[PDB]
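**Student:** Now for the letters of each chain:
Protein chains: 8
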Amino acid sequence: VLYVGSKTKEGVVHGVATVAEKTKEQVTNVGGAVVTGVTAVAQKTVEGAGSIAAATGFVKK
Amino acid sequence: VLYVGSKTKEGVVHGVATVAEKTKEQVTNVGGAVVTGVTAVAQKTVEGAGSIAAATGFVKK
Amino acid sequence: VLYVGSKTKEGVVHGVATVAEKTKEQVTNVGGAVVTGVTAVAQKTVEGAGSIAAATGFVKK
Amino acid sequence: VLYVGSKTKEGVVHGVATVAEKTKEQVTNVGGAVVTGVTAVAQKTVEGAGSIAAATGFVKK
Amino acid sequence: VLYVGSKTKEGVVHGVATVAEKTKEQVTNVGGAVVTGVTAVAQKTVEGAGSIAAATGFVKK
Amino acid sequence: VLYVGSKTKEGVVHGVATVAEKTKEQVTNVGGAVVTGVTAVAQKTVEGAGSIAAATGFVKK
Amino acid sequence: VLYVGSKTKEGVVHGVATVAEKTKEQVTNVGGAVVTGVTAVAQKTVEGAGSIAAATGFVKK
Amino acid sequence: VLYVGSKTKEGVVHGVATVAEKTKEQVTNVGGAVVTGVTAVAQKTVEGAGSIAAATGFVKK
Ligand SMILES: Cc1ccc2c(c1)sc(-c1ccc(N(C)C)cc1)[n+]2C
Ligand SMILES: Cc1ccc2c(c1)sc(-c1ccc(N(C)C)cc1)[n+]2C
Ligand SMILES: Cc1ccc2c(c1)sc(-c1ccc(N(C)C)cc1)[n+]2C
Ligand SMILES: Cc1ccc2c(c1)sc(-c1ccc(N(C)C)cc1)[n+]2C
Ligand SMILES: Cc1ccc2c(c1)sc(-c1ccc(N(C)C)cc1)[n+]2C
Ligand SMILES: Cc1ccc2c(c1)sc(-c1ccc(N(C)C)cc1)[n+]2C
Ligand SMILES: Cc1ccc2c(c1)sc(-c1ccc(N(C)C)cc1)[n+]2C
Ligand SMILES: Cc1ccc2c(c1)sc(-c1ccc(N(C)C)cc1)[n+]2C
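Protein chains in written order, with PDB author numbering: chain G, 37 to 97; chain I, 37 to 97; chain C, 37 to 97; chain A, 37 to 97; chain D, 37 to 97; chain B, 37 to 97; chain J, 37 to 97; chain H, 37 to 97.
Worth flagging that the hints you see were computed from the coordinates, not collected in a lab. Hints are supplied without guarantee of correctness; some may be wrong.
Claimed, not checked - For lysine-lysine, the following BS3-like pairs were computed, each having C-alpha atoms within a straight-line distance of at most 27 Å:
hint	chain 1	residue 1	chain 2	residue 2
1	D	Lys80	J	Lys43
2	J	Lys97	B	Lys58
3	B	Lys60	J	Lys43
4	B	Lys60	G	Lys43
5	D	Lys45	D	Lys80
6	H	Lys43	A	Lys60
7	D	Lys45	B	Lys43
8	C	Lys43	H	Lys58
9	J	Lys60	D	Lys60
10	A	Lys45	G	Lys96
11	I	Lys45	B	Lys60
12	G	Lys58	D	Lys45
13	D	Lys43	D	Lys80
14	A	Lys60	C	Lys58
15	I	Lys80	I	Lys43
16	H	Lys96	G	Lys43
17	C	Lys43	G	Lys43
18	C	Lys96	G	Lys96
19	D	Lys97	H	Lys60
20	D	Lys60	B	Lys58
21	J	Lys96	B	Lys97
22	J	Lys58	C	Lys43
23	J	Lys60	C	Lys43
24	G	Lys43	J	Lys60
25	C	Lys43	B	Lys43
26	A	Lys45	J	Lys58
27	I	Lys45	I	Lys80
28	H	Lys96	J	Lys96
29	J	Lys43	C	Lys60
30	D	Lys58	I	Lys43
31	I	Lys58	C	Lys58
32	A	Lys43	J	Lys60
33	H	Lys97	J	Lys96
34	J	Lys43	D	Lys43
35	G	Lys43	A	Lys43
36	J	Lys97	H	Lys96
37	D	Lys58	I	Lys45
Bound conformation, chain G alone:
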């Protein structure tokens, strides 16, 4: 009955340095799912599913 939060962190990203030097980056997709290059991502979910970088081929029900 006396919750006291103070300077708390939940789902936090900080202090990120990235260098990426490429000559050729190619993605070829035929009927599927491709996720590429996810950087410095943060989230908080309450009462639900939390997905960040999810690829599902297909759902053929």
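Starting from the structure of chain G, add chains I, C, A, D, B, J and H with the ligands where the hints point.
**Tutor:** Leaving out everything else, chains I, C, A, D, B, J and H with the ligands in the frame of chain G:
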């Protein structure tokens, strides 16, 4: 009955430096799903599904 | 009845330095799922499934 | 009834330096699931399944 | 007699990302010389002295 | 008599990522010379002295 | 008489990632010379002295 | 008479990752010379003295 939040963080991204030097970046998609290049993203969901970089091939019900 | 959080961390990423030098990066997908290059990702889920870099081939029910 | 958290850490990644020099990186997927290159990832799940880098071939029910 | 320069670089700085988070930065100088915080500086000198971040206490001739 | 330069580099800095998190940075100088924090600096000198981060106490001739 | 330079490098710095987390950084100088924190520095000198991070106490001639 | 340089390197630094976590860094100088923290430095000198991190107490001629 006495929740006291103070300087709390939930789903936070800060301090991000990114350099990307590419000569050729190509994406070719035929009937699928492609997600590429997600940087410095933050969210908070209450009572729901929270997705950031999600690719689903297809839903053929 | 007297929860007192103070400077706590849950699902936190900080202080990350990355260099990536490639000449050719290629992804070829035919009806599947490919996830590539997930860096500096943090999340917190309450009452749900938490996935970061998940690839599912397909769901043929 | 008197939980007192102080400077605690749960699912935390910090102080990570990575260099990756490649001439050719290729992924070829035909109807499966491929996950590649997951770095500096942290999460905390309460009352749910927590997966980071999971690849499932397919679910044919 | 046939100098042919092509895409040459001399005194060049490029691709620099910097983050600096400080709570207190102080400089106290009494009769001296202080240089602080020189970032991403480039020069080319022909037939002369080239100095970038030089501090000389004093010249009492 | 047929100098042919092509894509040459002399005094070059590139691809630099820096993070600096400090609580207190102090410099106290009394009659001297202090140089601090020189990052990503490049120069080319022809027929002269080339100094980057030089501190001389004093010159009492 | 047929110098042919091609993709040559002289005094070059590239691909540098640095993280520095300090609580207290102090410099106290009384009549001397202090150099601190020189990162990712490159130079080329022709027919002269080349110094990068040089500290001289004093020159009392 | 037919010098042919090709993809040569002279005074080159590349691919450097550094993390430094300190609680207290102090320098106290009284009439001397202190050099501290030189990282990822490259130079090329022709017909001259090349010094990188040199500290001289004093020159009392
Ligand atoms: C007094 C009281 C009772 C419940 C209570 C709190 C305080 S604080 C809290 C909470 C719930 C979910 C989450 N996430 C989304 C990670 C974080 C915190 N609850 C559930
Ligand atoms: C007084 C009181 C009681 C409950 C309570 C709060 C305050 S604040 C809170 C909460 C709910 C969901 C989330 N997320 C979306 C992660 C974060 C915090 N609850 C559950
Ligand atoms: C007063 C009180 C009672 C319970 C309580 C809290 C405060 S805070 C908390 C909690 C719940 C889920 C999570 N995650 C999502 C890992 C982290 C913390 N509980 C369960
Ligand atoms: C007084 C009281 C009662 C329960 C209680 C606490 C305090 S704190 C806590 C807790 C639950 C889940 C997690 N994870 C998600 C790792 C971390 C902490 N519980 C369950
Ligand atoms: C045809 C010809 C002859 C000489 C010649 C050139 C072209 S270009 C050049 C030169 C001089 C100084 C410098 N710096 C300031 C480092 C760089 C290059 N020289 C000496
Ligand atoms: C034909 C010919 C003759 C001389 C000659 C060249 C070509 S190119 C060159 C030169 C001089 C100084 C420098 N630096 C400042 C490093 C770089 C290059 N020289 C001196
Ligand atoms: C045709 C010709 C003849 C001489 C010649 C060149 C080309 S290029 C060169 C040279 C001089 C100084 C330096 N530094 C400053 C290290 C690097 C290279 N030389 C001496
Ligand atoms: C044909 C010819 C004659 C001389 C000659 C060259 C080619 S190339 C070269 C040279 C001189 C100094 C340096 N440094 C500064 C390390 C590097 C290279 N020289 C002296």
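**Student:** State for each hint whether it applies.
**Tutor:** For each hint, the structure was consulted:
1. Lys80/D - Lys43/J: 20 Å, holds
2. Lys97/J - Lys58/B: 40 Å, violated
3. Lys60/B - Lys43/J: Status violated; Cα separation ~44 Å.
4. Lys60/B - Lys43/G: 20 Å, holds
5. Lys45/D - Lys80/D: 10 Å, holds
6. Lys43/H - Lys60/A: 20 Å, holds
7. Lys45/D - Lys43/B: This hinted pair holds, its Cα atoms lying about 7 Å apart.
8. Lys43/C - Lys58/H: At roughly 20 Å apart (the allowed maximum being 27 Å), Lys58/H and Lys43/C satisfy the hint.
9. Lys60/J - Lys60/D: 10 Å, holds
10. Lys45/A - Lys96/G: 41 Å, violated
11. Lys45/I - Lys60/B: 24 Å, holds
12. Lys58/G - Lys45/D: Roughly 21 Å between the alpha carbons, so the hint for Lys58/G and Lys45/D holds.
13. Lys43/D - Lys80/D: 16 Å, holds
14. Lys60/A - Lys58/C: 7 Å, holds
15. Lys80/I - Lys43/I: Measuring from Cα to Cα gives roughly 16 Å; hence the hint holds.
16. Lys96/H - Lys43/G: 56 Å, violated
17. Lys43/C - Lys43/G: This hinted pair holds, its Cα atoms lying about 5 Å apart.
18. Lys96/C - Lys96/G: Since the Cα atoms of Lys96/C and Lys96/G sit roughly 5 Å apart, the hinted pair holds (cutoff 27 Å).
19. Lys97/D - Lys60/H: Between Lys97/D and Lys60/H the Cα gap is close to 39 Å, so the pair fails against 27 Å, i.e. violated.
20. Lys60/D - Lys58/B: 8 Å, holds
21. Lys96/J - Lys97/B: Judged against 27 Å, a Cα distance of about 6 Å means the pair holds.
22. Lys58/J - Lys43/C: 18 Å, holds
23. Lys60/J - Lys43/C: Within the cut-off at roughly 20 Å; holds.
24. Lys43/G - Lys60/J: 21 Å, holds
25. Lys43/C - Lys43/B: 52 Å, violated
26. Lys45/A - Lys58/J: 20 Å, holds
27. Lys45/I - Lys80/I: 10 Å, holds
28. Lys96/H - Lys96/J: 5 Å, holds
29. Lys43/J - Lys60/C: It holds: about 20 Å lies between the C-alpha atoms, which stays within 27 Å.
30. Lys58/D - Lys43/I: 18 Å, holds
31. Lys58/I - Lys58/C: Given pair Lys58/I, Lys58/C holds - Cα atoms ~10 Å apart, limit 27 Å.
32. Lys43/A - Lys60/J: 20 Å, holds
33. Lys97/H - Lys96/J: 6 Å, holds
34. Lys43/J - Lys43/D: 10 Å, holds
35. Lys43/G - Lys43/A: 10 Å, holds
36. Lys97/J - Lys96/H: 6 Å, holds
37. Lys58/D - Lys45/I: Holds - the C-alpha atoms of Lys45/I and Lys58/D are around 20 Å apart, at most 27 Å.
Violated hints for the displayed structure, listed by number in ascending order: 2, 3, 10, 16, 19 and 25.
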